[PDB]
Structure formats: structure tokens, C-alpha cells
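J.: Chain by chain, the residues:
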Amino acid sequence: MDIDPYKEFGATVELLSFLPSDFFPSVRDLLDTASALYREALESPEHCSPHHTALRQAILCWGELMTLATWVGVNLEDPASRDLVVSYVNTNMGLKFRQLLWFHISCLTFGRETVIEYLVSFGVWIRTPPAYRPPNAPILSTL
Amino acid sequence: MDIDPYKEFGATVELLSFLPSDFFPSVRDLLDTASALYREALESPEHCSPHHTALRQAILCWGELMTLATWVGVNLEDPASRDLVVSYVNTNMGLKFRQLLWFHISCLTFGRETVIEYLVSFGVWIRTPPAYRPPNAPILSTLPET
Amino acid sequence: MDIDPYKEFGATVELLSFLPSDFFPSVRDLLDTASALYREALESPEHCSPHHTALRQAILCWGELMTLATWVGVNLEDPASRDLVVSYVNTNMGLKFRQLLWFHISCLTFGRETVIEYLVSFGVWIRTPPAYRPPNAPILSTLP
Amino acid sequence: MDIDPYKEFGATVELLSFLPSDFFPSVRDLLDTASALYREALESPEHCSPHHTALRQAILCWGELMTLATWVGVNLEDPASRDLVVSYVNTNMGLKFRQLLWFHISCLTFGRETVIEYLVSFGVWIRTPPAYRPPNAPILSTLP
Amino acid sequence: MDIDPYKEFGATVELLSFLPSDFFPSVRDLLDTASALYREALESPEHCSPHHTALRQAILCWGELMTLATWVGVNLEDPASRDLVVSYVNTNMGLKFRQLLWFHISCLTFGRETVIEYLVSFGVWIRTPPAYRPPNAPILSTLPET
Amino acid sequence: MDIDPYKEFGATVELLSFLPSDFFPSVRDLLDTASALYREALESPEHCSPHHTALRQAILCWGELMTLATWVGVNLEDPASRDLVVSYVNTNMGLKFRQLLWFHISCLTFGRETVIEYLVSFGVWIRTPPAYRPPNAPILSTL
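Chains as they are written, first to last, in PDB author numbering: chain A, 1 to 143; chain B, 1 to 146; chain C, 1 to 144; chain C', 1 to 144; chain B', 1 to 146; chain A', 1 to 143. A prime marks a further copy of an entry chain.
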């Protein structure tokens with residue numbers, strides 16, 4: 001169906017590709033940040049924003065993923081397969097979750113215009129050859 | 001966190017839980033319906049409604065789920081385990097997907113308040129014991145009332 | 001070039017595909033219906049509607065294809081190939097023709113918007129399990 | 001049913017036949033011209049003109065015929081028949097397509113009435129003996 | 001990416017592809033014409049038109065191409081290979097340059113709409129088979145019509 | 001004909017000379033950035049800007065260069081010459097392409113006034129002797 005996760009929010013998968021995979025923070029940290037700042041809003045019955053809706057969708061599905069992982073951990077009788085499956089869900093389905101959690105949580109804190117402006121600049125920086133790349137990578141701050 | 005998918009749309013998991021598993025169409029049928037009616041809107045760069053965004057999210061999630069099922073078999077070489085996992089994903093996570101797809105697709109076609117009223121009445125009906133329940137279930141449709 | 005015949009009429013090949021292939025009538029029934037209702041209009045000297053223009057072109061095309069079929073029948077000495085080609089024309093191109101004839105003929109009989117709503121609602125009715133849908137298949141009718 | 005594709009456009013199959021079969025360009029040249037001038041219009045969501053509707057249907061039909069040709073090429077083991085059928089499609093149906101593409105594409109480029117007058121005047125010019133006609137073949141042009 | 005050089009100027013590669021290779025002047029003739037008519041504008045620090053900029057770009061590109069041909073011979077010591085490369089650059093990339101130079105130079109002299117109409121009519125003419133084609137091609141020139 | 005690529009855009013080859021050759025990013029990265037941010041605009045039939053036109057010209061010619069490189073790779077029967085020619089096109093014609101792609105892509109993102117202001121400042125920095133040159137080289141950012 002050629003659905004793009006970020007197209008509605010004015011970004012593309014290509015634009016996010018500029019950031020390296022390693023850059024995105026760990027799932028636990030992102031979830032803690034989301035809970036700390038937006039738990040009340042996320043659980044509220046009002047539609048605060050589209051981004052809030054997207055974050056809720058991402059959370060509830062990751063939850064379902066961990067549920068299936070728990071399912072293979074308690075049912076599968078093979079430790080070889082048990083390990084393989086769980087490893088594809090925490091590493092391969094986790095790197096996509098990390099990317100979406102970062103975009104939405106960052107668009108909620110900084111603003112989506114700011115988030116997309118940060119994606120172009122980090123791109124310019126990572127493209128800079130190391131001999132000229134400044135030691136301070138771009139960072140999103142509101143101080 | 002504790003998130004209810006339908007809370008934002010004015011419904012609860014409890015309200016939808018009364019629908020029996022036989023009620024929802026298959027995943028194929030729902031994805032066909034969603035693509036035929038709303039593909040051009042869902043692919044659009046515009047946020048058409050909270051429901052359109054929810055549908056995109058669910059579609060992407062189901063895609064990632066099916067991706068875990070084509071991946072296995074080219075990685076896991078156990079026939080018994082292969083089946084157990086593939087079955088769990090098409091059955092359990094499958095029924096959860098069918099419920100959400102129906103709600104959003106139906107809230108887009110009929111209207112959200114219409115869908116919620118339908119749910120309330122269908123619940124009154126399914127709660128009636130079969131000896132007293134009228135033999136035909138309610139059917140969801142629009143009204144000319146305005 | 002990439003064209004849907006339905007795009008100028010607000011429909012899509014996906015929407016027509018939504019209904020099952022078994023639904024559409026035979027080419028004989030559609031051509032008899034089109035002749036009975038609209039022969040005089042189609043043969044008229046004027047652009048009565050873009051539906052008529054499309055229908056005219058399509059009917060001329062099916063005529064040419066049937067001529068090709070007869071030509072193969074009479075010139076092709078090989079019967080295996082003869083059957084293979086004749087079958088392809090009346091199965092694949094037959095179903096492409098049946099779908100278009102139904103759409104245009106039906107858009108002239110019941111109105112375009114009615115046909116689009118019928119396509120959507122019948123497709124959803126076929127998708128719905130029988131226990132939780134109205135018992136009769138949706139049908140187009142002129143009756144009030 | 002008896003339909004001319006040209007009747008709603010004020011022309012006739014006789015009038016197109018009036019020009020010699022050698023006159024019309026190849027299918028490749030006509031399809032490239034149609035794509036370059038009008039692809040965006042033909043793919044548009046709207047009935048820009050009955051010329052566009054007709055062109056859309058015709059292009060879809062030629063696509064289907066070329067698909068049939070490829071299918072015969074790959075499935076038909078008999079090469080004599082394979083060649084016979086492929087040749088019929090690109091000779092007979094090819095010339096029926098070339099004539100229609102030229103008419104519609106040309107009616108959009110130069111205007112319908114200009115194309116009808118060109119058909120009449122070029123046909124009479126070809127009929128006229130060379131000693132008593134203007135020396136150059138009539139050609140359509142946008143230039144003032 | 002997929003970029004068409006003439007798409008921005010209201011023309012397509014298909015529309016210009018009908019001109020035969022004999023139609024365009026030589027590279028020397030086109031560079032002479034461009035320098036004589038428009039050198040002082042092209043060297044100017046002002047953007048005079050999208051076409052003037054396009055001409056500068058094409059000129060610089062052809063210069064870099066010829067630079068690859070004087071470089072070879074002082075670096076490559078193969079007579080057979082030397083020729084193959086030098087020929088490809090003056091013939092293939094040469095005809096591509098001649099087509100673009102003609103379009104911009106002619107769109108600057110005659111006017112863009114005039115050039116496009118000329119192209120359409122010349123195409124109608126070159127598509128006519130020689131038995132029916134009038135013996136003289138159309139010629140591009142201005143009109144007093146206003 | 002003494003055409004200067006940047007004269008119309010208010011810059012000179014001398015002003016760009018201030019940046020070192022190594023500074024310019026690799027061709028692949030620049031092309032990816034251009035595709036990610038401006039593919040739709042570049043392929044559009046409207047003249048968005050002169051810079052957009054210049055970028056299209058640069059792209060289509062580099063394409064022709066790679067085409068000729070592919071031509072020497074499939075035709076030349078000499079591996080010595082085959083290597084030499086291809087090496088002059090990816091290194092010598094590539095350093096000029098990199099320079100133009102950077103100027104236009106950067107004038108489109110940051111603004112040409114900003115791009116030319118960055119050329120003077122980097123000049124001041126590279127001129128500074130290493131004992132006093134600050135470790136952070138200038139970088140073009142919109143955050």
C-alpha cells in the first residue's frame with residue numbers, strides 16, 4: 001500500500017536515513033522519556049495531536065511485539081530458535097520502533113519544524129569529512 | 001504505559017470486546033477494503049483524520065508482523081516451532097488487527113457516532129440469551145436522520 | 001503511457017477489481033442490453049455523452065477482436081494453437097470487456113454516482129460474513 | 001451494434017479511409033507523440049475532452065493486445081502460428097490503431113475542424129494529377 | 001534522479017528527438033554563434049534568463065569534456081584507445097551538446113513559444129513519409145503577429 | 001568565453017578557492033542529499049530558481065560523464081588505459097562536480113547570502129595559524 005510513516009508529518013524515510021542507525025537512543029530510554037513527559041496526555045481520551053496518536057499506536061504495537069516475544073520465551077521448547085526469534089524482535093523490530101519513538105517524542109518536545117530542520121543539519125555534519133567535521137555533532141536543545 | 005486504542009475515539013476496549021471473533025472479516029478482506037476505499041487518502045501527505053493516521057499505523061504494524069513470518073523459515077529450521085510462531089501471529093495478533101481495522105474503516109464510512117451506537121445496541125443484543133435474543137443480529141448502516 | 005479507462009469517470013481499476021470476476025454478466029447479455037437500450041444513441045451523429053464515446057470505441061474494438069478470432073479459425077491450420085488463441089481472446093480480453101461494458105451501460109442506466117456507491121457497498125457486502133450482513137445480495141434497480 | 005468511432009467527432013471511417021494507408025505514422029511515433037504532448041492530461045483525474053477519453057481507452061486496448069502478443073510468444077510452441085498471429089495484430093489492428101491515434105492526437109494539436117479540412121483537401125490533392133496540383137504535399141503545421 | 005533538460009522550458013526530449021542529426025550546426029558554428037550574439041550577457045554577473053544560465057552550464061560542461069580529450073594523449077599512450085575515446089566525446093556527447101545549444105540559442109533569438117511551435121510543425125513534416133512530404137522542410141523564423 | 005560558474009550567483013572561483021579541496025563532501029553523499037530534499041522540485045516542469053536549473057545541469061552532465069566512463073569500461077580492451085581514463089573522471093571531473101553541487105545544494109538549504117558569508121568566515125579560519133585556530137571549524141547550520 002506504499003504507506004510512509006513520516007509522510008503525513010512532512011518527513012520521508014530518506015530524510016531520516018541521513019541519521020545513522022546507532023544514533024537513535026535505546027528503547028528503554030525513549031520509553032522512559034515518553035512516560036515522564038507525556039504519560040498523562042497519552043492516556044487521555046482527547047486527541048491532543050496526530051503525533052500523540054502515532055506515539056500511542058507505536059507503544060501498543062511494541063507492547064504486542066514484547067507479548068509475542070514473551071510467548072516464544074514460554075512456549076518454544078528449542079533454546080536455539082527461542083533465542084533467534086527474540087533477537088530479531090529486540091534488534092530488528094526495535095531499531096524501527098526506536099526511529100519512530102525518537103521522531104514523535106522529539107516533534108512533541110522541540111516541534112516538528114525543529115525536528116525536520118535538525119535532520120537536514122545532522123545530514124550536512126555526517127556528510128562532512130572527518131578532517132573538517134567539528135567535534136560537536138548537532139543536538140536538539142530548548143535552553 | 002497503559003493505552004487504550006479506542007479511548008481517543010470515544011470508545012473502549014470493553015465496548016468492542018462484545019463483538020464475536022466471527023464478526024470481523026479476514027485480514028485479506030479488510031486490507032482489500034481499506035486499499036480500495038481509502039488508499040489514495042492514506043498515501044496522501046495530508047493528515048485527513050485521526051482515523052486515517054491510525055489505519056496507516058496499524059497497516060505498517062501488520063506489515064512488520066508478516067515480515068517476522070517470511071523472515072522465519074529462512075532463519076529458523078525447526079518445522080514444529082516455525083508453525084507455532086507463524087500461527088500465533090496470524091491468529092492472536094491477527095484478530096487484534098481485524099478488530100482495529102474494522103473500527104477505523106467503519107468509523108470512516110458510517111461515521112464515529114453511528115459506529116458507537118451500533119456497538120451499544122449490538123452489545124445489548126449479544127448479551128441477551130439465545131432463547132430470548134431475536135434471531136438476526138443488528139446490521140451497521142447509515143441513517144437519513146439530520 | 002499509463003491510463004485507467006475509469007479515471008475520467010471517477011472510478012479506478014482497483015474499484016472494479018473489488019467486485020469478483022464472476023459477478024459481471026456475459027458479453028452476449030451486455031451487448032444485447034446495450035443494443036436494446038442505446039443503439040440509436042450510440043449510432044447517433046453526436047457526442048451524447050463520454051459514456052457513449054467510450055462504449056462506441058469499445059464495441060468497435062470487440063468487433064475487430066471477433067473478426068481476428070474468425071480469421072484465425074479459417075487461416076490457422078494448427079488446431080491446438082487455434083484453440084489457445086481463441087480461448088485467450090474470449091477469457092482475458094472477454095473479462096476486460098465485460099467489466100467496462102457493465103460500468104458504462106450501468107452508469108447510463110442508473111447514474112455514475114449510483115454505480116460507484118454500488119461498487120463500494122456490494123464489495124463490502126461480499127467481504128462481510130453472512131451472519132452479520134443483510135441476507136440478500138445488493139442489486140441495482142430503477143424502482144422507487 | 002454498428003458504430004463508427006468517428007461519428008461523435010463528425011468524421012467517418014470512409015473519410016479516414018480516403019487518405020492512403022501509407023500516410024499514417026508508425027505506432028511508435030504516435031505513442032511517443034501522445035506521451036510527450038499529453039501524458040499528464042491523459043493520466044489526469046478528469047474528462048479533459050472526449051478526445052482524451054477515446055485516446056485513454058485506445059491506449060489501454062493496445063496495451064492489452066501487446067500483452068496478448070507477448071503471451072503468444074511465450075506460450076505458443078508452434079512458431080508458424082506464433083508468427084501468423086503476432087503479424088495480424090501489428091498489421092491489421094496496427095493500422096486501425098494508427099488511424100485513430102493520428103486523428104485524436106491531431107485533433108488535439110491542430111483542432112478538429114482543421115483535421116477534417118486537412119483530410120478532405122489532402123485526399124483531393126492525392127487524387128489530382130501532379131501536373132495540375134500544387135507541387136508540395138499538404139502538411140499540418142501550427143505556424144502562422 | 002531523472003531530469004529532462006527541456007522540461008523546465010516547456011519542451012520534452014521526445015519533442016526535440018524528431019530533429020535529425022544533420023539539422024544541428026557543428027559545435028564550432030554554435031559556439032561562434034553563442035559568443036558573437038550573447039558573450040557579453042553570458043559573462044555578465046546578472047542572471048539574464050533561465051536560458052542564459054543553461055547556455056553557460058552547457059558551455060562549461062563541453063569545456064570540461066574537451067579538457068578530457070587534450071589530457072588524454074599526454075597521459076594515455078595507446079593510439080587505438082586514444083582514438084576510440086576522443087571520437088566518442090566529439091560524436092556522442094557532441095550531438096547532445098549541439099541539440100541543447102541550438103534550443104537555448106534559438107529560444108533566445110526567436111522566442112520560446114516560436115521555437116516550440118516550429119518543433120511541433122517540423123515534427124509533423126519529418127513524420128510524413130517522403131513520398132507525401134513536401135520537398136522543403138519548415139524554416140524557423142519570427143512572425144510580425146501581435 | 002571566460003564564463004564563471006558562480007559569477008551570476010554573486011560568488012567567484014577565487015572566493016570558493018578559500019575552502020580546501022578536501023573539505024567538499026563526496027559525490028555520493030551530495031547526490032543523496034539533493035535527491036532526498038529536492039528530487040520533486042528538480043523533476044518539476046516549473047523553473048523553481050536559477051540554482052535549481054544549475055543543479056539539474058550539473059546532475060545531467062555528471063550522468064553523461066559516468067555514461068562515458070561506463071563506455072570506456074565496456075569498450076577499451078586495455079586495462080591500463082581503462083583505469084587511467086576512469087580515474088581522471090571520478091577524481092579530476094568529480095572534484096569540480098563536488099564543488100558546484102555543494103554551492104547550489106547549500107544555497108538552496110541555507111540561502112546564497114548565508115553560503116557566501118560562510119565562504120568568507122571559513123577563509124578567515126583556515127588563514128588562522130594552527131596555534132590560534134579554534135578546534136571548531138565553521139559549519140552551516142539552521143538549528
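Quick caveat, the hints were computed from the structure, so don't treat them as lab data. Beta carbons: idealized from backbone N, C-alpha and C, even for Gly. Wrong hints could be hidden among the right ones.
[Unchecked claim] DEER-style ranges, computed between Cβ atoms: (1) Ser-49(B') to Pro-135(A): 43 to 51 Å; (2) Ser-44(C') to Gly-123(A'): 46 to 54 Å; (3) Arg-28(C') to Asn-92(A): 42 to 50 Å; (4) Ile-126(A) to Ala-41(A'): 50 to 58 Å; (5) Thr-67(C) to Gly-73(B): 47 to 55 Å; (6) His-47(C') to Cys-48(B): 50 to 58 Å; (7) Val-27(B') to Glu-46(C): 53 to 61 Å; (8) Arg-39(A') to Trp-125(C): 41 to 49 Å.
J.: Are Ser-49(B') and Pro-135(A) spaced within 43 to 51 Å by their CB atoms?
T.: Between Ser-49(B') and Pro-135(A), where Cβ atoms are some 45 Å apart, the hint holds.
J.: Take the C-beta atom of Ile-126(A) and the C-beta atom of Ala-41(A'), compute their distance, and say whether it sits inside 50 to 58 Å.
T.: The hinted range 50 to 58 Å is violated for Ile-126(A) and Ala-41(A'), with Cβ atoms some 23 Å apart.
J.: Holds or violated: the 47 to 55 Å window for the beta-carbon distance between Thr-67(C) and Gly-73(B)?
T.: Distance hint for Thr-67(C), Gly-73(B) holds at roughly 51 Å.
J.: In this structure, is the beta-carbon distance linking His-47(C') and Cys-48(B) contained in 50 to 58 Å?
T.: Given about 25 Å between the Cβ atoms, the range is violated.
J.: Is the gap between the beta carbons of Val-27(B') and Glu-46(C) within 53 to 61 Å?
T.: holds (56 Å)
J.: For the hint 42 to 50 Å, verify it against the beta carbon of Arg-28(C') and that of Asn-92(A).
T.: Check passed, 47 Å falls within 42 to 50 Å.
J.: Quick check on a hinted range of 41 to 49 Å for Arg-39(A') and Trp-125(C), using CB atoms only.
T.: Check passed, 42 Å falls within 41 to 49 Å.
J.: Does 46 to 54 Å hold as the CB distance between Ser-44(C') and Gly-123(A'), or does it fail?
T.: holds (51 Å)
Checked against the numbered hints listed earlier, the structure breaks hints 4, 6; every other hint is satisfied.
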